[PDB]
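Colleague: Sequences are here, hints too, so could you generate the full structure?
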Amino acid sequence: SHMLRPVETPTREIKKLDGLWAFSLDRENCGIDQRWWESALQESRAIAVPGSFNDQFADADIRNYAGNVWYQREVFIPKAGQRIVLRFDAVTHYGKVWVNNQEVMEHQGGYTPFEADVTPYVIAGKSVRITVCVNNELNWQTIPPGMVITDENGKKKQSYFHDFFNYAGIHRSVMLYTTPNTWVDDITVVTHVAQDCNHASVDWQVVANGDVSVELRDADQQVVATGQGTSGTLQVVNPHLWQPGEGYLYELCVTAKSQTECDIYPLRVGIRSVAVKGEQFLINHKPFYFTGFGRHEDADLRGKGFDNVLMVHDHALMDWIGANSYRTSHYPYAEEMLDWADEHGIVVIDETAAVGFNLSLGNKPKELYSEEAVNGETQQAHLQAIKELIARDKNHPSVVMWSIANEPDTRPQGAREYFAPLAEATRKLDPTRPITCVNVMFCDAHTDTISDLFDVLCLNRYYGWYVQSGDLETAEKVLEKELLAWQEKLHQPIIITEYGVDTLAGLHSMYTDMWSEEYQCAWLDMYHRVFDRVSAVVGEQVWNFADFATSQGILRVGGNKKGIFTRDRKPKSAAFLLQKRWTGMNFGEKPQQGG
Amino acid sequence: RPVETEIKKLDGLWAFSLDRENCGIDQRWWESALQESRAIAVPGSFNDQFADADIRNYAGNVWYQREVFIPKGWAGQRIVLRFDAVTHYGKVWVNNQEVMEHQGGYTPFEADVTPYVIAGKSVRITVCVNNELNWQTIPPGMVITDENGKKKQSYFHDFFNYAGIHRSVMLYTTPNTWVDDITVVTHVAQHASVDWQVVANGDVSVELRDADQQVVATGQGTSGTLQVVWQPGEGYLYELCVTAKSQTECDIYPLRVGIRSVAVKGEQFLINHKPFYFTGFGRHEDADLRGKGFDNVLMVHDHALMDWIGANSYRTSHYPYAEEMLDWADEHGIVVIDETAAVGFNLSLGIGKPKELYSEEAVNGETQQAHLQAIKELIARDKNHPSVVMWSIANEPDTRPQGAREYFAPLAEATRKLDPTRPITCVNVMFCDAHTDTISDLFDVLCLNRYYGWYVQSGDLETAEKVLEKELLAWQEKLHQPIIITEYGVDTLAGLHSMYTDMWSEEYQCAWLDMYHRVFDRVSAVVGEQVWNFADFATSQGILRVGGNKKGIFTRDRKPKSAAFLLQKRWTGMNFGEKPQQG
Ligand SMILES: CCCCCCCCC[C@@H]1NC[C@@H](O)[C@H](O)[C@H]1C(=O)O
Ligand SMILES: CCCCCCCCC[C@@H]1NC[C@@H](O)[C@H](O)[C@H]1C(=O)O
Numbered sequence: 001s002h003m004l005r006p007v008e009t010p011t012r013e014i015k016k017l018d019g020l021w022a023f024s025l026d027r028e029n030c031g032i033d034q035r036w037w038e039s040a041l042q043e044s045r046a047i048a049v050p051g052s053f054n055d056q057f058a059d060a061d062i063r064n065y066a067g068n069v070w071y072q073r074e075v076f077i078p079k080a081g082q083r084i085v086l087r088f089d090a091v092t093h094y095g096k097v098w099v100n101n102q103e104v105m106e107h108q109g110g111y112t113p114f115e116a117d118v119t120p121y122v123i124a125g126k127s128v129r130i131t132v133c134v135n136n137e138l139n140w141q142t143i144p145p146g147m148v149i150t151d152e153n154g155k156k157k158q159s160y161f162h163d164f165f166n167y168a169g170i171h172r173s174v175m176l177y178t179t180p181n182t183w184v185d186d187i188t189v190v191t192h193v194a195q196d197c198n199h200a201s202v203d204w205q206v207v208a209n210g211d212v213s214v215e216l217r218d219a220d221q222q223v224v225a226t227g228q229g230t231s232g233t234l235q236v237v238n239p240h241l242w243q244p245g246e247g248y249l250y251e252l253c254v255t256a257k258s259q260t261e262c263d264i265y266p267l268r269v270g271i272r273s274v275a276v277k278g279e280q281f282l283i284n285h286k287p288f289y290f291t292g293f294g295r296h297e298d299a300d301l302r303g304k305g306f307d308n309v310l311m312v313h314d315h316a317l318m319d320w321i322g323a324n325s326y327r328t329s330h331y332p333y334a335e336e337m338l339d340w341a342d343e344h345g346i347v348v349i350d351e352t353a354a355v356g357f358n359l360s361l362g363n364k365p366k367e368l369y370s371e372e373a374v375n376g377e378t379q380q381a382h383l384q385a386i387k388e389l390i391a392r393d394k395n396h397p398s399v400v401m402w403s404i405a406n407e408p409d410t411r412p413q414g415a416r417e418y419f420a421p422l423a424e425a426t427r428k429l430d431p432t433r434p435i436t437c438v439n440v441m442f443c444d445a446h447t448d449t450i451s452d453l454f455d456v457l458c459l460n461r462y463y464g465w466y467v468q469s470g471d472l473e474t475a476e477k478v479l480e481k482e483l484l485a486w487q488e489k490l491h492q493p494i495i496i497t498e499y500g501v502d503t504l505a506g507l508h509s510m511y512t513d514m515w516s517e518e519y520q521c522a523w524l525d526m527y528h529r530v531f532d533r534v535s536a537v538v539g540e541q542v543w544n545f546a547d548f549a550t551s552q553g554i555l556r557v558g559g560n561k562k563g564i565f566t567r568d569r570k571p572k573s574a575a576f577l578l579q580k581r582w583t584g585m586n587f588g589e590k591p592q593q594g595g
Numbered sequence: 001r002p003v004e005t006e007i008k009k010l011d012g013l014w015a016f017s018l019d020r021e022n023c024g025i026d027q028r029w030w031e032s033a034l035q036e037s038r039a040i041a042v043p044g045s046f047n048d049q050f051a052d053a054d055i056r057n058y059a060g061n062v063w064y065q066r067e068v069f070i071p072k073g074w075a076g077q078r079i080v081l082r083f084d085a086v087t088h089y090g091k092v093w094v095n096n097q098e099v100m101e102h103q104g105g106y107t108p109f110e111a112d113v114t115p116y117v118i119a120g121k122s123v124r125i126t127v128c129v130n131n132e133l134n135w136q137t138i139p140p141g142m143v144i145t146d147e148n149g150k151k152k153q154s155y156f157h158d159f160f161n162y163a164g165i166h167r168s169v170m171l172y173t174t175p176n177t178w179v180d181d182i183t184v185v186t187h188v189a190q191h192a193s194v195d196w197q198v199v200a201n202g203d204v205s206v207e208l209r210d211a212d213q214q215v216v217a218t219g220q221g222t223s224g225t226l227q228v229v230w231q232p233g234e235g236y237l238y239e240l241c242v243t244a245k246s247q248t249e250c251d252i253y254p255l256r257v258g259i260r261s262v263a264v265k266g267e268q269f270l271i272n273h274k275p276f277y278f279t280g281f282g283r284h285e286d287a288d289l290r291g292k293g294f295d296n297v298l299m300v301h302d303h304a305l306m307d308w309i310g311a312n313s314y315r316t317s318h319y320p321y322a323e324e325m326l327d328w329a330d331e332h333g334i335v336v337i338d339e340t341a342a343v344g345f346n347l348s349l350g351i352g353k354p355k356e357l358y359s360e361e362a363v364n365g366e367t368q369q370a371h372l373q374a375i376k377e378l379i380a381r382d383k384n385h386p387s388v389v390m391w392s393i394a395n396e397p398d399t400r401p402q403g404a405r406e407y408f409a410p411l412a413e414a415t416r417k418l419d420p421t422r423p424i425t426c427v428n429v430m431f432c433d434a435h436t437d438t439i440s441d442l443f444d445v446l447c448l449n450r451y452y453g454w455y456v457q458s459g460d461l462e463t464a465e466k467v468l469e470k471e472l473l474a475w476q477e478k479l480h481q482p483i484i485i486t487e488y489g490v491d492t493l494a495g496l497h498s499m500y501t502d503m504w505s506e507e508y509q510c511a512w513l514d515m516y517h518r519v520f521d522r523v524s525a526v527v528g529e530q531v532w533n534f535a536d537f538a539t540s541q542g543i544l545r546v547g548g549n550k551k552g553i554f555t556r557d558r559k560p561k562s563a564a565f566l567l568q569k570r571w572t573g574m575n576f577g578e579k580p581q582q583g
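Each protein sequence line maps, in turn, to chains A and B.
By my numbering, the letter at position 9 of the first sequence is numbered 9, and the numbering carries on one by one without gaps.
By my numbering, the letter at position 366 of the second sequence is numbered 366, and the numbering carries on one by one without gaps.
A couple of the hints might just be wrong.
[As the list claims (entries may be wrong)] The list that follows gives simulated cross-link-like pairs (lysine-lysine, PhoX-like), each with its CA atoms no further than 25 angstroms apart:
{"no.": "1", "chain 1": "B", "residue 1": "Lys559", "chain 2": "A", "residue 2": "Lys15"}
{"no.": "2", "chain 1": "B", "residue 1": "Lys383", "chain 2": "A", "residue 2": "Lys126"}
{"no.": "3", "chain 1": "A", "residue 1": "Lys16", "chain 2": "B", "residue 2": "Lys8"}
{"no.": "4", "chain 1": "A", "residue 1": "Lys15", "chain 2": "B", "residue 2": "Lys383"}
{"no.": "5", "chain 1": "B", "residue 1": "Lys245", "chain 2": "A", "residue 2": "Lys126"}
{"no.": "6", "chain 1": "A", "residue 1": "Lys16", "chain 2": "B", "residue 2": "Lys417"}
{"no.": "7", "chain 1": "A", "residue 1": "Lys277", "chain 2": "A", "residue 2": "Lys126"}
{"no.": "8", "chain 1": "B", "residue 1": "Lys559", "chain 2": "A", "residue 2": "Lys570"}
{"no.": "9", "chain 1": "A", "residue 1": "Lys126", "chain 2": "B", "residue 2": "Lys72"}
{"no.": "10", "chain 1": "A", "residue 1": "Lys15", "chain 2": "B", "residue 2": "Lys8"}
{"no.": "11", "chain 1": "B", "residue 1": "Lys72", "chain 2": "B", "residue 2": "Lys265"}
{"no.": "12", "chain 1": "B", "residue 1": "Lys417", "chain 2": "B", "residue 2": "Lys383"}
{"no.": "13", "chain 1": "A", "residue 1": "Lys157", "chain 2": "A", "residue 2": "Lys16"}
{"no.": "14", "chain 1": "A", "residue 1": "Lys16", "chain 2": "B", "residue 2": "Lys72"}
{"no.": "15", "chain 1": "A", "residue 1": "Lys257", "chain 2": "B", "residue 2": "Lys72"}
{"no.": "16", "chain 1": "B", "residue 1": "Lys376", "chain 2": "B", "residue 2": "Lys417"}
{"no.": "17", "chain 1": "A", "residue 1": "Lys489", "chain 2": "A", "residue 2": "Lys477"}
{"no.": "18", "chain 1": "A", "residue 1": "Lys257", "chain 2": "B", "residue 2": "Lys150"}
Derived from the structure by calculation, the hints contain no laboratory data.
Modeller: Structure follows, in structure tokens:
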């Protein structure tokens with residue numbers, strides 16, 4: 001449907017985000033049968049929302065549990081005559097909500113919010129019970145996809161194809177918000193600029209039988225433009241347009257009035273224009289250079305759960321290190337991260353949860369794009385995730401790119417058949433932004449067959465790590481050669497969205513061999529040397545802020561160790577190399593082929 | 001503590017600013033939006049939040065600010081602003097009008113803002129937080145200055161001086177007849193529970209249930225309340241609805257209470273007339289990244305670790321914990337020794353200054369008063385909790401200089417008169433043994449901190465066993481009192497191993513915790529053990545702290561050392577609430 005983030009005005013929120021819900025497992029799938037919605041928690045225990053249920057009890061048998069978990073919470077209802085709505089900003093994978101024995105709504109998104117209108121079903125003044133059924137399972141039509149395997153005892157074991165651990169549960173806000181019966185439930189805003197001198201910001205919104213008078217107030221509450229109608233444009237003059245450095249943000253207050261009731265919604269948008277020209281990524285008609293991380297929503301104890309201290313601290317670290325950009329790696333991030341990126345002018349490459357469409361990253365199906373794995377319904381679900389992501393992050397000026405999928409195996413015939421309609425559909429959904437598909441390493445420029453449909457070429461390369469293990473002299477030649485081959489092929493702006501190596505924070509060696517910090521430094525350094533002599537490399541993005549948790553494997557030593565920082569946010573030796581490089585260059589500009 | 005039948009203002013981010021030049025109160029920064037502010041998260045200590053070295057140690061004035069919408073549904077009700085905890089000092093302003101202030105730090109403070117607030121429009125909230133300690137703050141300290149005005153704070157406890165807003169901020173609403181004060185005391189012989197009440201223009205009607213609304217008693221009055229006929233295993237707790245009735249509005253307040261009576265008999269600690277044995281940790285309000293800020297995920301996880309390792313009790317070490325810890329504590333029925341921030345009254349703990357600890361320039365007058373205040377507040381907030389079985393006035397004070405007894409006697413007297421239903425204690429330091437301590441008689445349970453084999457007799461088990469044994473049974477023969485060892489632990493690097501089982505290695509933590517447990521087992525007066533710290537925690541910079549205090553069974557990110565499984569074998573291998581029969 002339509003997605004508007006709620007905000008306090010003559011509108012109200014009761015943060016049911018309160019922790020300490022009742023939590024229980026359903027190892028027998030008796031919950032849907034035995035009507036657990038009715039009343040009690042049976043044999044529950046205290047859990048905390050937001051937060052992943054896997055790491056929260058230090059029980060291994062819970063963290064690998066694959067099935068149905070039950071959340072439970074009684075709450076009181078203060079808003080009368082207002083539309084009361086129950087919003088879940090994120091319930092990872094599947095969630096079915098119940099308000100006092102009655103199914104309200106359900107979702108199969110994972111990292112996208114879903115809400116429901118509960119005005120008839122509640123009465124402001126008495127209690128009410130909310131029971132959530134959260135499913136953490138992945139089959140071939142989920143985004144991301146997976147394979148759940150039962151064995152001889154019927155015990156479910158979830159296997160997937162991405163790297164990060166499949167943290168599940170309620171990860172973001174659960175809120176009970178309250179809006180007048182004539183609401184402003186959808187908005188779209190597109191901005192243009194000409195020579196940083198003047199241009200318009202077209203408006204568009206959806207009401208509940210009310211008219212929309214829209215004003216454009218300033219950063220100090222000064223009206224600069226008005227407008228009367230459901231559509232149309234409106235022009236500023238000599239704007240304070242949104243730059244990657246500062247990030248100026250106008251406050252467009254929209255009004256939807258009825259003959260009796262009225263609703264006012266303030267929506268912050270910044271004037272900026274993002275486009276791709278040849279091999280240049282232009283923000284406000286200036287060629288840009290991306291620097292920063294591909295991070296994860298990962299932490300100790302809470303898993304993929306959200307928390308504010310992590311936001312302010314992580315943004316302080318990136319702010320110190322000189323990073324100006326990041327990419328919401330492998331799933332839509334919490335909207336709060338994108339609000340911060342909006343105010344602080346942080347350019348973001350947004351991505352969907354489509355990751356793992358690849359069976360070469362080592363009882364696996366034998367054809368990746370057959371009916372037994374990634375079929376038409378996988379394509380429908382992928383288009384769904386695109387729809388929801390764009391419908392949530394469409395107005396945020398910090399998003400400059402949509403990324404449909406991550407590292408798909410494109411060698412087999414049919415990858416183009418699967419991905420081309422999704423490129424067409426995404427271009428038809430949001431024309432204001434470039435589109436991309438992050439490229440796997442074993443699909444170099446001479447075997448890929450998908451990168452033509454996208455505006456920006458994103459690359460994940462690990463020459464010298466997975467291949468040429470320990471060889472810098474050779475990985476330099478290979479890396480430079482394939483980079484110039486991508487240039488000779490597509491003449492596109494090339495952002496390296498992943499490049500990193502594993503490093504035991506504390507492992508040193510005089511020989512600068514793999515897994516030591518000296519190898520991380522020398523490796524990133526050589527990669528930077530190659531980066532500086534390719535004209536079409538419009539951005540670099542290291543593989544990963546900090547070490548994150550992965551599934552158990554013989555390649556993951558307590559998870560992925562390719563982070564610049566540790567899981568507790570401590571810098572390895574390479575963090576200060578990146579400090580020197582990024583903070584030493586001119587902001588938003590590519591190095592002049594050398595310092 | 002609020003319930004209803006509110007809008008939690010601690011949601012999201014606040015504007016944060018520093019006052020290095022100390023211009024805030026003079027230039028009236030609360031009457032405007034903070035110039036040059038940055039986003040900060042509440043709850044959470046401001047020191048660790050920005051990875052800034054200069055912000056972490058800053059000693060002065062910090063400014064929080066946040067606009068909020070007051071809901072329309074609270075038209076004619078009193079609107080109250082509650083700060084569950086603002087560490088050390090806080091002065092709160094509501095939209096150009098000064099409302100409140102408090103020098104507590106680890107206890108809440110609330111203020112009535114009904115006139116200054118018009119429910120429906122947005123108002124701004126500005127908080128001035130101070131993190132300074134002199135000799136009259138609890139805990140005490142002293143600040144020093146030089147040229148360029150750089151302020152540098154020095155204190156006498158171990159843990160790092162985290163500050164800021166550490167617990168939720170509430171904005172609750174009650175009808176014009178509210179239940180401001182409640183008290184409940186439970187008895188049990190081989191019983192019932194007197195009730196209390198304070199209100200304004202309202203009568204008191206008290207009823208109480210069990211599982212769900214199943215009343216099993218009642219009462220109409222501010223006394224008596226006795227009727228029909230809470231354990232450390234599960235923790236059965238009844239629900240006591242209090243009603244305050246007026247001509248127009250009515251108030252209902254639910255208070256969970258568990259039937260229990262704690263008392264000391266000879267050298268036994270009796271909870272419900274049964275001898276007990278304390279096992280568990282002396283923990284801290286410390287975490288990665290957020291300082292002393294509260295968080296539910298951490299409480300759930302740490303309670304999972306304590307449940308797994310077999311702990312049955314712990315002590316809110318060196319300051320009042322967040323009350324959520326105590327609600328959980330009486331829910332799952334874990335025994336809690338509650339303690340004030342009174343720590344650091346000692347000049348002998350020197351890493352290797354006034355001249356006498358109980359002089360006028362240090363610890364005299366307002367110091368004793370404000371200590372009695374920290375008592376009064378801790379008790380006024382945690383009195384009704386059945387999980388609290390003990391009072392702890394102070395921790396590790398130097399009682400050797402002249403005038404210590406003259407200081408500690410009145411505090412014991414007043415505290416005993418305030419809450420006579422629970423035993424009282426004072427954790428004494430190691431440098432004051434049985435032949436030199438002069439205060440352990442004023443208290444019901446004697447608490448001991450002992451580090452034989454670490455600070456003295458460093459690395460020698462064969463003699464530290466003898467010294468610990470002699471000191472222990474000499475205490476027993478001296479005062480014939482119940483002795484809980486509230487601190488015993490040694491530092492340990494998480495990954496350091498050593499074949500020789502020498503200091504700082506995990507083998508030394510294992511073998512050192514073991515000998516202490518045998519000497520514990522051959523002493524009849526030891527009514528419990530609490531390994532020093534649950535998890536490694538942050539302290540001030542010293543040559544004895546290797547990135548904080550490493551005396552934890554778990555690391556800071558909650559990962560177990562070799563001793564965690566030893567203690568999980570010891571505490572769950574014995575019977576719950578029972579001490580081994582000398583083996
Ligand atoms: C057959 C040739 C294979 C080439 C190597 C492919 C490496 C893919 C790297 C992986 N790319 C995806 C990312 O989520 C992971 O964290 C990253 C990694 O594992 O470090
Ligand atoms: C004879 C006495 C020699 C010196 C003993 C010093 C004992 C001080 C105990 C200290 N008591 C306070 C506690 O927070 C600290 O963690 C603990 C410590 O040492 O780390």
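Colleague: Against each hint, give a clear statement of whether it holds in the structure.
Modeller: Structure-based check of each hint:
1. B:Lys559 - A:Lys15: violated (32 angstroms)
2. B:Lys383 - A:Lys126: violated (30 angstroms)
3. A:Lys16 - B:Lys8: Satisfied, since the Cα-Cα distance of roughly 10 angstroms is no more than 25 angstroms.
4. A:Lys15 - B:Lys383: With Cα atoms ~29 angstroms apart, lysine 15 of chain A and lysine 383 of chain B exceed 25 angstroms; violated.
5. B:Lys245 - A:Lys126: holds (19 angstroms)
6. A:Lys16 - B:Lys417: Violated: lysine 16 of chain A and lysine 417 of chain B sit about 41 angstroms apart, past 25 angstroms.
7. A:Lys277 - A:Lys126: Distance ~59 angstroms between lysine 277 of chain A and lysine 126 of chain A Cα, so the pair is violated.
8. B:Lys559 - A:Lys570: holds (17 angstroms)
9. A:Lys126 - B:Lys72: holds (18 angstroms)
10. A:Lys15 - B:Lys8: holds (7 angstroms)
11. B:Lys72 - B:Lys265: violated (56 angstroms)
12. B:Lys417 - B:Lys383: holds (13 angstroms)
13. A:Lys157 - A:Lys16: violated (32 angstroms)
14. A:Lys16 - B:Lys72: Given pair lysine 16 of chain A, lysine 72 of chain B holds - Cα atoms ~19 angstroms apart, limit 25 angstroms.
15. A:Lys257 - B:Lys72: Between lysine 257 of chain A and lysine 72 of chain B the Cα gap is close to 20 angstroms, so the pair holds against 25 angstroms.
16. B:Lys376 - B:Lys417: holds (11 angstroms)
17. A:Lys489 - A:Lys477: Judged against 25 angstroms, a Cα distance of about 18 angstroms means the pair holds.
18. A:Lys257 - B:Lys150: violated (57 angstroms)
Going down the numbered hints, you'll see the structure goes against 1, 2, 4, 6, 7, 11, 13 and 18, while the others check out.
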